[PDB]
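Visitor: Listed here are the chains, written in short residue letters.
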Amino acid sequence: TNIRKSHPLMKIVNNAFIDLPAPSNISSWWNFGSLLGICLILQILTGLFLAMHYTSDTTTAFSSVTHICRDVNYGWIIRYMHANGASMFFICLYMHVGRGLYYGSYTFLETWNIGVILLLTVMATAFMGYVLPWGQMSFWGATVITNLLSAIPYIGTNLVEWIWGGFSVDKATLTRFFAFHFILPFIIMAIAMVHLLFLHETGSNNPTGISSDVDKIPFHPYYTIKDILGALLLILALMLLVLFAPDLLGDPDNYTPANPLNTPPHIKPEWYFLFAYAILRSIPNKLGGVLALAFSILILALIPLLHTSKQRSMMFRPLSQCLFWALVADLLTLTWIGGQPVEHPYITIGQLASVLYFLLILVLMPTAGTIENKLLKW
Amino acid sequence: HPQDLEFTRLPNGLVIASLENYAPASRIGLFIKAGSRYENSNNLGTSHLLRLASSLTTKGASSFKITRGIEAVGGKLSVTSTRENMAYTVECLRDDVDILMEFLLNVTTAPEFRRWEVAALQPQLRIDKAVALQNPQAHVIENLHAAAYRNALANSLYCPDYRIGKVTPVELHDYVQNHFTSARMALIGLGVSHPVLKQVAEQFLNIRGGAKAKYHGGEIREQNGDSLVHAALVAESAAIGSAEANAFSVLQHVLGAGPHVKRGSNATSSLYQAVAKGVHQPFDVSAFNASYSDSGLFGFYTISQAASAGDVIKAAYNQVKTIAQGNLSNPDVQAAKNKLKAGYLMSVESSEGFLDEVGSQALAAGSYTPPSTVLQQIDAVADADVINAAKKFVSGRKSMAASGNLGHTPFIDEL
Amino acid sequence: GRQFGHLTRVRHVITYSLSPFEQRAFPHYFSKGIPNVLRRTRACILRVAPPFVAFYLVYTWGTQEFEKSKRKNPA
Amino acid sequence: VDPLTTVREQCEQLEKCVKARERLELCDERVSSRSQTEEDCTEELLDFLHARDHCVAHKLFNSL
Amino acid sequence: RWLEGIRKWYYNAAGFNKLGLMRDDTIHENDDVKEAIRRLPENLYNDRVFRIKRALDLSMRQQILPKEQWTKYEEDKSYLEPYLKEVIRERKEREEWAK
Amino acid sequence: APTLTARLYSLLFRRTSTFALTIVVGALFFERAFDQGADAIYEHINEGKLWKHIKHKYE
Amino acid sequence: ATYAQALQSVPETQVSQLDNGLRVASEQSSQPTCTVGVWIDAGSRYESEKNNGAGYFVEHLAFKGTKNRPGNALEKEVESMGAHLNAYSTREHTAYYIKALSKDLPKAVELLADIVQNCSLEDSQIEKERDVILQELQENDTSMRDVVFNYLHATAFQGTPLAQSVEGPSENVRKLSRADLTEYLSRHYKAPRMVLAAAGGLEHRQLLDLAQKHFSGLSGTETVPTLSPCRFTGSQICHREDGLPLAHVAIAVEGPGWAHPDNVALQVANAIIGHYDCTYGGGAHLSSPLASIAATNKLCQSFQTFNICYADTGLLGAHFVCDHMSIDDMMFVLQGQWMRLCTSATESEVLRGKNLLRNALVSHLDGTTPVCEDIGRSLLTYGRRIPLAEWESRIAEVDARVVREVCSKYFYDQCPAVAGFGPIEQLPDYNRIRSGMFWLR
Amino acid sequence: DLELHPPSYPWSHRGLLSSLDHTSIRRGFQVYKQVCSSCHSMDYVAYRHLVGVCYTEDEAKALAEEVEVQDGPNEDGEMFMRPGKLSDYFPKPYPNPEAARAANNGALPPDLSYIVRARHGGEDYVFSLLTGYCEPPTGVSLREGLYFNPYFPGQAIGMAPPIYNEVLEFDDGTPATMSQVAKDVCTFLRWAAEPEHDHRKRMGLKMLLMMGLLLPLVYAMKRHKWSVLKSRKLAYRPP
Amino acid sequence: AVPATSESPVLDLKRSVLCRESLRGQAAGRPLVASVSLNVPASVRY
Amino acid sequence: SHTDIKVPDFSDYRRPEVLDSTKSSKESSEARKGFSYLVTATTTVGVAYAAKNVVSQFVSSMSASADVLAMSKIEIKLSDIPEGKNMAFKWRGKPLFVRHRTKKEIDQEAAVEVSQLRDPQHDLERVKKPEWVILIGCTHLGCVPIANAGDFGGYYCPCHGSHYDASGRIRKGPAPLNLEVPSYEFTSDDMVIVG
Ligand SMILES: CC1=Nc2ccccc2C(=O)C1c1ccc(Cc2ccc(OC(F)(F)F)cc2)cc1
Ligand code: FES
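Chains as they are written, first to last, in the deposited numbering: chain C, 2 to 379; chain B, 20 to 229, 235 to 439; chain G, 1 to 75; chain H, 14 to 77; chain F, 11 to 109; chain J, 2 to 60; chain A, 2 to 222, 226 to 445; chain D, 2 to 240; chain I, 33 to 78; chain E, 1 to 137, 139 to 196.
Hints were generated in silico from the structure; no laboratory data involved.
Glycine included, every Cβ here is placed at the ideal spot set by N, Cα and C.
Any given hint might turn out to be false.
As a list, the in silico DSSO-like pairs of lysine-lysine whose alpha-carbon atoms are at most 30 Å apart [to be verified]:
1) E:129 with D:62
2) A:77 with B:301
3) B:236 with B:185
4) H:29 with H:72
Example chain J residues on the side facing chain D (calculated, C-beta under 8 Å, incomplete) [to be verified]:
5) 20
6) 47
7) 52
Among chain A residues calculated to face chain I with C-beta under 7 Å, some are [unchecked claim]:
8) 136
9) 140
10) 250
11) 279
12) 283
13) 287
14) 308
15) 312
16) 325
17) 363
18) 364
19) 368
So that you can see chain C by itself, here it is in the shape it has in the complex:
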């Protein structure tokens, strides 16, 4: 008997990274967990190295970020890795969630809900991250988004000024945004460990949605080697962006310093918020729009309750498959519409896409499950 199962630290690593019984048949959509971890560690490192050179003072902030890119040795490659790394994070997140939705992994309730929390935490981190450079889109993005909380009756207006620590997004706001932005990834790392903790209670779902205890394989070597290949593909994607098109997923207006007078033409958040930004602008009323933007993410917590199919995965479920891919294409539409100016036909398209989003999740996909059942005599 070995010192992998015996030693208190190695025991945890042996059970959760070597001898873990994993399904034989898990697809590439199961690699995104690993990749999210890599993203998180990658952000922390690149982030920490950037934090060695950055200053949260409103006057020097933009200058420090540029000083990183010009004077700090390989500061540019660190900087653009961290910025595209944030994009890679969200790509990885949405793929990881999509997997959960399509294959019904959300039945793992605790794992799933901790997921929702993780998503929300990564969002909060990335929102405050984008502010740090103190460019136009940084400042004006932060101003409009934060100020949405003023639409809460009675307290909302106080709340907004309390987050800010003043009367607009200024000195005190940037400094606290830096502090929160530093600490949260570490909180993420902890919550992510709780996430896995719950995941190993059940072990992993698979593409069939049928229990895989009859055909479990050890994690090492099978999935250690796949994860290495996956990681390598993630590095390629990241570095393709960093070394060939670093500004492709950003916005030009974040290269001019923040100006409290000069408003940019079409103020918007970074691409991975655009879907929910579009939902916000569908509703004409402001408090309604905030509650819609809120419910566009929180609805994830509702999904496990909204399950109707007697089958777990969508693999054997044609109607759901189509409605799922409709929901994906709809989200791609909301991201497009989110990027557009508020005009015809983008208002009506946006309204129609937002109605369709909630309709798909709350009405159509539940009904489709029940139709599928009745087609199988169930």
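Using the hints, position chains B, G, H, F, J, A, D, I and E with the ligands against chain C.
Guide: Structure of chains B, G, H, F, J, A, D, I and E with the ligands alone, referenced to chain C:
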């Protein structure tokens, strides 16, 4: 230098016998009158524990040293128990007999039986018994004896369930100190000089000293739902050393005492043919013959289908009856003698079996009877003696044991 | 969670396999790979594709509709 | 002497340019003729320049 | 009756039959199904065990069975129904008794 | 003579100690080779455009 | 008189060949009993797929009568002279032998000859022995040890004649006609393929002349059967059957085969690791680290190392029987042992192994029967009896350096064949087993 | 409020592995120096940055020495003016934005350090803007000082056409046409906004090659390990 | 030193008998003997 | 029977070298291992090349940035300072004294007592050229010493009471170590770079 056996009986009772044969390997055996029979109803299963207990710490060598030291020189240390004797045996290459001898003497003459070691060994009684009782012959033969006797030979070789975990260090000390004595010990050897064995026995085996088996006739029935029924029926035979015992041995081989040919149909076996005449389903039958210092058991053992057990036992019993009635020709008794004569010489063919017979004889009798004298004694059995042995069995008080689904297995008083 | 040897009850299933050093890493990689891919693509295409066709259309319609709206009307 | 104004001429005499240049001249002598209507002709110029400067791009850099 | 055309279509569209699965193999294991599985006789259970083992191995290779070997719609025995029905019927009785 | 892969195995890859030393040595020989080789590819692709090519004009 | 000396005066084995090519071999000593028999280069390896299990079928029919002694006449005669008649068939060796009184050696040799050459093979007797084999095949399914080893061969030497079981598939047992059996016999039972061996009280001269008298008729003359090499494959066979209460695992690397000198050093290494079961006196204090670890931690109920030898190949490894939760840990310590011997075997432990092996083969050759068998088979495998004095020379040559180098050849970084039967859920994945065949240091 | 987006000019650095034409950068710097440094600041570029890019250490020292810059205080407690050095950044035209607005009638000239990165279209955009100045179409007139440029959003910009034929004589004697002046200055403003450009692309090539090597190798290792499972056959054997 | 005829486990499912040819040899004909060792698996004889 | 099981044909998946059922795999065992381990070994070399570069860059990050290297050195013109007079400079946010020394100041600081000094340093090893002494401006509690003053006629401090000679060595005062000799080199006989 062509060599035959040497023999010595010391004034203190102890026997030394040794053939120096100049083989590369040397077998040494210390035979002791310390079999299961010398247990009483208070210390049942002590000799079983004692059999498992060599390689526990001794005075001159640790538990660790006994295992390591013997394994170092590629040797073997074995302990063998019958109802009447215990036999402690060592093997090795002839260069290492000194070392192995020291271990043998330590194990037999000064075991410490430490409380923690003895207690730790207790679960081994359960393992050893459990393994052994997978042979259904073990069930029946241990029951058969328990049925057949009131006291000494009735004892089983394996410790009774209730005594497992409960055989004390005191009991082990008592048993050795009371039974492993010069007047009860025979030290046998191959590939070692007789003078050096004598000197070892004088200097290391001079130990000071420390009820007859009443036949009963009973039956014991293990109901267990196997599709096969093992069954043995015996009557009291004669004691080993008496001339009548040789008659039973011949009768055993007239009736049939195990197979000669692989996958063979046993054309000469009186019992097998007697049973196979009536019933053709899977079965086995053999004559059973035990012979001891006090007593003996003779009969037959059947293995039959559950439903056929009645028919098989009755058919086998009938075959002995016709031998007892007088239906027995010379060619049969001649064949039987040739079997037993060949069987005996073949059993002492190996230096393992030879050592067993030299030690075995040395305890139950005065000295060594050569193979030539034994075969002459087999010839000395007249056909009349065989018929008397059979007659004795048929009219003699019966003992029986069975294991299986006994729904069609008769009782003694159903024959 | 649960360790190998406590997962589930399985009876009368034989599994034969080869050492990785006894076999090829890419047996019939194009030969059997290409047809299996086409089969897999055909199997999911008109579940997966139709929504993205619809996106392409709602996109290209909406984009040049925004361009035409910003043009002057001849009246 | 500028290679740019050479190429601008060269490209101006293409089907898509000359058709768009006529569209430009239509509204030139439609607005500048008519009185009191606030419509202008930026749109038509941009139509022309889009077609022109696409061609200019394709081969201007060769002479530089 | 009239929707039997759609049922036959859906069956093949769903396509678990291409992995040699019966409908009752694909049921999401809740506490009732667990109990129902547990109540299956040696034969029905080991069949289930193999069918799934086979299906997962096929899924792992991203392949299906030969069309000859596909579960025919009409040959799909509803093997779990009687056990599952009763497990549910039992629980509903306990739930009722608890009121 | 045994095959080339086999000579590589017996001489370099069999003992894990030699296998590791091989990786370290090979990494060095690879590093200098790859760097110099890939830089050549880059500098030929950008002939006369780099400061390295136009340096001589001002020295 | 020392051990080295004792070996020098062990009775030599006498060696002679007949006109047809049948060898007569014999070790002599004034003994009242003897063993004599016929060993044949024949078995499952020499069988094709359609005649597999014929040699086994023959074995059943061998003692069921002859032309000279029909039915139970052969049987009766053996019994009535107090003779014991026996047979065995391996993948490469069939053998018939008789234990008899020394004075009955003439008749003994006569009867063996009658069995081999003039074997009845009656129509009724065939159809009777057909059901017998089918029932033995069913009995054999309940012996997990037998099943796992048959599996090891089946996977190790897959797609060759060595993958084939001695008994043959039930398919062949049910179909094999008397034509098949007689054709098998005349092809394989030939004088140069056979050896007549005897031990005990026998004048070598007399045996050779008795061989003339009864075995002269043996044929010794297209496509002479010559076994091809057999391809070893690194493979796994996993018969998962949770209904059985203990798991049987058998694992082996490719062994060198009968001929090779390395076999001696391999025996030394195998003796170091040794064997164990739950009834052993040793327990915690045992010398073998695998055994002491296995005893203290209740890993297995039993294990043995085995170096099975065939012609140009073999199976070198171990078999174990253990609790359903112990398979991974058993594999770990066992493979750990192979690695430790490859890399870092010590002088004193090799000396222990040597001493075990010395003792092993000196005491195994005890009594006429095992000595007769050693004569019979050594002539088939080696082409001579190797004297004990020569075995000792080969053993004394083995030191720590040898054990390392020899073990490293066969075990280290090599693909094993794995067979598992029973509740084998835990049994390590082949890759994990294959990775366990090397150390990273 | 219609929009005319710029066309894609085939720059010497347009491609994946294509570096900047440094000679172009050297000319382009002088286009900033002679023309746009009296209106636009370029705060993030110092005289040292030019070294090993477009000028030698010695040339860049001369360029630095040419300019006035404030330094202090001295021991007396006063702010003096001194000749520039490599460590000095490019000097701002005005002391502050408020001064800048006054000199250009309300409109503030943007800093040029990031102008390529800070505008959609980049060097394509700037080139189109500089060469795109033309007479207004019918029905159009702006505030006196706002010129017509079609590429500018809202069709009207507050910058006087800054480049024309022979606005500057180049050090290497390249014929200074309006087009050539614009091409060079854009190439410089590209480097200004993204100094890393060449190193970045050098790394891109080395990454693509290593990925070309490692991906199939890692993939082969994957298939190797997984081959045990890919081959395997299952048999169901009930009694 | 030499391993026994039969390797011994507890809790190991029993080896079956189906015919006359396998069942002969089994009927006990002499009284029990039991051996235990250091090296050899424990055996019980008729 | 279990004898009815025969292993499936693996020919489709086998390596060429192990296809022949009548030949020994042991020929190709040396080779088949070699091929697979080469792939592994190559991969490790590639990953090593990567990790080297990635780690190396990150380590580089923490080292002095381009603008800090820009203030590392200061150029001083030697013909711009007359013989006898001191000239102060701003170097690494500190004053930096360069002093043209006369043939009198050279010989006067040459034959000074070696032992009597608190910090024993001879003049030949405090400077690289005889007529130029370069020093960083007080070692005790940090002030800026005033040139052409003091008892020993070099540098004097109005803070506590230190007296430095013309070679920059402490003679009479509370300072523990002499004014510090920085790292420098003369490039052209007209110019000096300090740093
Ligand atoms: C734990 C896992 N369970 C699984 C279960 C089923 C299917 C796949 C997997 C995995 O791929 C998987 C895993 C994930 C990640 C890694 C590398 C790694 C990267 C970052 C980490 O930091 C932290 F924040 F803790 F997440 C930790 C580990 C290796 C393996
Ligand atoms: S502070 Fe100037 S010497 Fe003390």
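Visitor: Checking against the hints above, which ones are violated?
Guide: Numbers 5, 13 and 15 - these are the hints that the structure violates, sorted from lowest upward.
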